[PDB]
Amino acid sequence: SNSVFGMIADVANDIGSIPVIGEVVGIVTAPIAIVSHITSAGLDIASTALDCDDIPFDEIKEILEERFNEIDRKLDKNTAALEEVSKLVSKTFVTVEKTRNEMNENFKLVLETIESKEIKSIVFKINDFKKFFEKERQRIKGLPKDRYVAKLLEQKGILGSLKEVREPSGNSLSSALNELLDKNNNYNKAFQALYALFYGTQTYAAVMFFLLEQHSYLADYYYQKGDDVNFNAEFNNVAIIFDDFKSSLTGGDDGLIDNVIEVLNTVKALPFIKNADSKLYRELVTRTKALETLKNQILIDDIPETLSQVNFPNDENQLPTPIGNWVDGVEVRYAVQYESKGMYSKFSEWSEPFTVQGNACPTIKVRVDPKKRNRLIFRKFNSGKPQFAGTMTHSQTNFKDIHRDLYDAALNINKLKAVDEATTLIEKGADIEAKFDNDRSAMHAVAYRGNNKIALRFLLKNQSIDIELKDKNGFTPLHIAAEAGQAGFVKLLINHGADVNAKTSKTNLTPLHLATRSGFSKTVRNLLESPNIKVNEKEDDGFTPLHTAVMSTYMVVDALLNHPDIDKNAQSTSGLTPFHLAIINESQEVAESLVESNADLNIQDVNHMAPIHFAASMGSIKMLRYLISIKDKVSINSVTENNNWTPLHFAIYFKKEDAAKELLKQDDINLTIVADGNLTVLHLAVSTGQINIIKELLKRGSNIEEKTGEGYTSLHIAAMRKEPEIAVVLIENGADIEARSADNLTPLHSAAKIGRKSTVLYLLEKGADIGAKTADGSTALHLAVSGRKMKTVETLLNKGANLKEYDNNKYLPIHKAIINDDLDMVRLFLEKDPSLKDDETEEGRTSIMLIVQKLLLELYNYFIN
Amino acid sequence: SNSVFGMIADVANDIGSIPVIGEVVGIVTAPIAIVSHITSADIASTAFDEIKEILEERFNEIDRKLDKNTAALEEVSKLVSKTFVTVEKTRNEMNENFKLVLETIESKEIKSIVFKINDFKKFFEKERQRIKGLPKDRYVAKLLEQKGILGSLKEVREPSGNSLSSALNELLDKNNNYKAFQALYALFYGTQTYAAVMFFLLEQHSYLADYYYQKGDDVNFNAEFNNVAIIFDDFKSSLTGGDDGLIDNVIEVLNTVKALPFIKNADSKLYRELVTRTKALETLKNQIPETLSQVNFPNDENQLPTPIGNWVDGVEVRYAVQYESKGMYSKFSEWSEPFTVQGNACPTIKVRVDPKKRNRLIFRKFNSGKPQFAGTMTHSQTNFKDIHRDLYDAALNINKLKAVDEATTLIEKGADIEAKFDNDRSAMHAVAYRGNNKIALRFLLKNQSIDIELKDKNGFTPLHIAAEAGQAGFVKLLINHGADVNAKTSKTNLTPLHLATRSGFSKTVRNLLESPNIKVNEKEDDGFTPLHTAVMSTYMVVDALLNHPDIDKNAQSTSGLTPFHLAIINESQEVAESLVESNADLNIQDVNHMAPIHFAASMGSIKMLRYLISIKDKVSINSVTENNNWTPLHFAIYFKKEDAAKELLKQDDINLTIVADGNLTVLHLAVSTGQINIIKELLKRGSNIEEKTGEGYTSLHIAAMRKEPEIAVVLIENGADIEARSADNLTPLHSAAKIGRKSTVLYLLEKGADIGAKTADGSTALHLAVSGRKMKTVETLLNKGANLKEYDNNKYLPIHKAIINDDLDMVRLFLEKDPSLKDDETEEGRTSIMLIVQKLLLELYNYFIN
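Line by line, the protein sequences are chains A and B. Residues 50 to 236, 245 to 355, 362 to 928 in full-length UniProt numbering are what the first sequence spells out, letter by letter. Residues 50 to 90, 93 to 98, 106 to 236, 246 to 354, 366 to 928 in full-length UniProt numbering are what the second sequence spells out, letter by letter.
Calculated directly from the structure, the hints in this document are not laboratory data. Among the hints, erroneous ones may be present.
Straight-line distance between alpha carbons at most 30 Å, and here's what the computed DSSO-like set of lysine-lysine pairs gives [said to hold, decoys possible]:
| no. | chain 1 | residue 1 | chain 2 | residue 2 |
| --- | --- | --- | --- | --- |
| 1 | B | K325 | A | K785 |
| 2 | A | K194 | B | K448 |
| 3 | A | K200 | A | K136 |
| 4 | A | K123 | B | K346 |
| 5 | B | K169 | A | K718 |
| 6 | A | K719 | B | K443 |
| 7 | A | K194 | B | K404 |
| 8 | B | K448 | A | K179 |
| 9 | A | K180 | B | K212 |
| 10 | B | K190 | B | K166 |
| 11 | B | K212 | A | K212 |
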């Protein structure tokens, strides 16, 4: 179940939950655990042998936050769309890596032997190189941004020398080709070696890819607030990397073309004996030819210039004016570069930081460039700015830099100073609403910062822009201010109104839902009053605004509880009321407020669990006490509609054995609950192996013996429990030693199957009957000789107390051993068990039958005795 | 011996009472020397700076530790230190047999690599021991540059591991084949060494980060946290992860050779408990970004921009916030976002960006290192940080009128004092540490219940801060309330009187003594009194305590330290005179049973020595003790304080008739020293030349058994007998022979010593010479006391020992070179033959028969 449930966890990883940020670590871990439990539902005993029952219970969470951090390592919507390179290469990588996934077992099989030829040693060495690659690959993806780039900053050169592999075995492959020529001519070991050479080629190509995307991510990191200058260096490095890539690929693929030629030559010239292994080989030859044709699918335009190309000295409205943010004296770190058609070329050359008390109006000959490539300049002052000063389609005259200046003025936090900045800019009145950082940054940002009063009263011309203006992420200004609590400006916007139920472009959500977790009771009332918005709104994932409001736990939920016409209860995608979250989010005040508003609508989830069982699952001791203090909703003693389980069963089954003690100490608990298999919760505890609650229930007078419909008894469970103390524990409790199966399978037979000799000897001093026998008539001796457990059958022969007699079938236990044919045990049995094997059966024919049955070895002739 | 005093040093190191200035570095170094003397308290001994060097370096190591409530990662530091000690115990234990491995040399060719890893061990040990010797500044300075070398080493250990796995392959080969035991033991040594080195590196980096916390660079704090995380992850992958670390290989080798049907040495069993330790260690080892982007408070009311110097006008802002208060304190850097902010201090701090179940503490900064702290609470907070910050800032200022202005303004602006800062209650106790005008007490007067009982991080009350600050006026201003003058702090519970004595603000302690109503008689940690702290203070302030209260002037401590001895150590003659005038001399013999003159000799303070001489009152210059009746003169004898020794010699009542244990007198001590000039001065004074001992030894008995002859020349100038018998009748010739100094016997015989002396046993000088078997001694005997051929009751002739001791040339001198001419030397002359035949003898013994 470890691998299969790990794959289920990887499926949950591919879900990518955190974009809909409603996943608390608890509310993502505990549901995953219960999902695993439900998918592995059903009860037995073989699981309870520590085979597949509870092997993982917590460390799966490790992979869970793995999934989360690999998810969030993705670029936070990098303003440049240059990530299409990484996207393409990852798409190519997925298929090749799956093919390598099958080739993994293929070439674990390919390990059939070593040194059929001397080249096979080199094959093994390059195999070890591959396994080095695979070992290094796993650790890479885990770490978050800072640690990720830290690990990046050293292994890149190692990988570069790995592609230019320290031992360029290609000529060794060519020599292997020359040898396998004759090797295939003679008839194959070289037949087995073609798989190896092809696998090496695949690993080669995969390593080239891996280098490529790691470089691409490094470039991305240096792009978004990274090393600005080193972005250009890294891009040139990856360009040269691609050049050497292509050239060495042409050479290696000339070799591979020779390989294909000789493969066809062998196919035609060979006799008609081959391997279907080579048939899958030829299918992958087709695949590799496709990937070979794939190779053809793939700043100078930007930076042969400086800023002083065409200086604009001065004129009206742009005279040198001392303005705070536009400081007079600090550098002018100009930088113009390319982006268009998704393609992006970014340079970093602030070659002219020349400072004057003048104006930045000069033009840089943008209008004359013949190439139809869109350009963009960004002019830092003293350090790496957000890098989006001015986007010019065909011309820049500082006007878009002026737009950025207005944008920055909108980022001020001083109110009257912001008004003064607004006056200064409206002297010229640059184009508001211009998009920066791929965001409709002007109006959204001014709404975020505030002073929406002045912005509205000066620029109230387009309410549609005020409402349905969406950014790179597809964000309305309402969503912009949702988590930012511009309550007064919420009145400002609602005065002319806005889309109450606007949905963002990706992971469609109300701005209300965005504001739900902000805990802004002073802001939410505005939407709560004016339009009477749909309180029962469900996003792309069916979580109520109430659900998304349980996060804050503040008085916002209390205001929302009852004042409007609310869906006081609902059902989530997996069947989760806000009461479920309140139980799990551990906000006791909100739980009490909800109890005040309405009674507990203890509706079960999709897999038939009420919020009661979660507390037993995670030992929610404080809420456990509070819910007992409710004194009502006695569903703590109810059952799962799925399979009739109380929360006590889950508490015992998760080893969280404190809330169980609490519940036991609460009141007169009903332990007579029966579930799938008629297994008492006592039997479940016996399987788990917790003596404390065991004797605790014993004090509460729990019924020791209620035979289950599964055929087992708690005595058998103890006989198979690896903790031999529990059987004795039940012994002083007075548990009947004859707590046997309906099939009369005593736990002696169980232990004979198990091999737990200590519990065997236990039952020996306890004097369990040895002359007894189960339904087929077989004493536990027969089961043991079927299983052939050495020390167990030794103790048996010590205390067999049986005459080695015929069962329902005429076999003696020695005949059972004969059928087993355990030659060492057969010889052990022949004499130490007194032989007397003359006329044992009718004329002693049983042995004679075993002669005349078939061709029998002379070993049996010796065993005749 | 030396290790015993090292253990005593360690015990002294453990307790923080000596870091408490109630005992000072000199004041603790001196008792170490005297305790070394006491534990040291003959004959063979006749034939200390390093101790105090060890003490001072260990106290420096204690000083290297950081302050209380300083930084984070402290649980990691503590646990890693604990397991580091645990590992180092076993490593030190196993080092001995690791060395013993290096004797079965070259049964294997990889023994060169074994020597290589041994040299690796030597390098590591030298570096790590060289680390633990420097003060904090030198400590961090040394760690700085070589942190890179240490990090390099962290991987440069790789060929050790690779060659070690290869060696373990060959070792499984060897053990399953049968000398591999030593190599497997070296395997274990490599494993333990790797683990220990890694833990050492982690602990060192942790402490370095902790130091960087104290106004260093938070960016550097993130860098160091990243480094420690990466190193621990390297550990995990290398030795615990899915990749099979060497521990898996060693466990499988143990299991495989466990099935070996062979009988093997106890080395395997010891390695088995070693592997038990390894798997226990294996089980042990196998287990925020947000910003006030927009929300500046608008003028709801009372923002009222004031030109506050504290909240500087025109500067920018910086900020970050991290989680603390339970276990770890994950740390983060977000100063990319801070930018210019002016107008009035009104940032709506907005904790609620991710209002999770964590206590996130924002620390606020600007251009340089800043106060960098603002409040703590889960839910919404509304910029009371500004007001509280300026509040403790006013409490911290030194311009009292400005403090008045700020206190008047900000309280009206709206906040509460009770909220802490820097985890301190600085807005309330910086008041005591800087003094306060009336309005501080006026504002605090409303409750009369906040500041008085206000425990700090260390639990101090304003009593303690005021007492150390010595702000006597503000001391009265507060004690108008009259709180617990006995407010003992949480750690190192003491009285504010102790603090005042330590500081030296006499006005404050006079004010305390004006209306104490206190138990001034407090006895602190080591049985001391506040009078002892005053003695440390070395000022006339002690007079106020001396006169008015009723303290025990004759106060003795746990170690036997009187205030007299403390003054002697400190050497303030004015204070000593004041103490003498106060009450009686506490010249009582202490726990070690010493006298103040003993310390006067110990430090060699001739100033205080002469002052005590001029006292003449109870100045028991010839006082002896219960333990061996040591005199201060005796201590001056041992410590070779020759100047003070002769100085006191220039006085009258210098008792030359001192009898110690076994009658080892002052002249005997002078002999045992070797300072000849002092002995000559003593003889000029005229002590008993032939002062004897319990074993009937004159001073020349021991002077002879020395390594220089000129001392015997001085004694014979004095006129000591050259044939003075002993209890064993060991004449000076006998003593001179029993050591092996030929020149001593030479000068004895120049004066006419009796060569023919022979003890009751019959041990003639020839017998002693052959007993020492020295060729020079025996040839001198043959020169003078040639051959008496004596024996015991069992007739052991000199030739009998001469042939037992197996020396060739001397036997030839007896029989061939200068023949003894004695054939048939014994009864029928076959006692020699009797010894030839008695039992098993030597292959080469045939010539020794002669």
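Hint numbers not upheld by this structure, sorted from lowest to highest: Hints 4, 5, 6, 8 and 10 not satisfied by this model.
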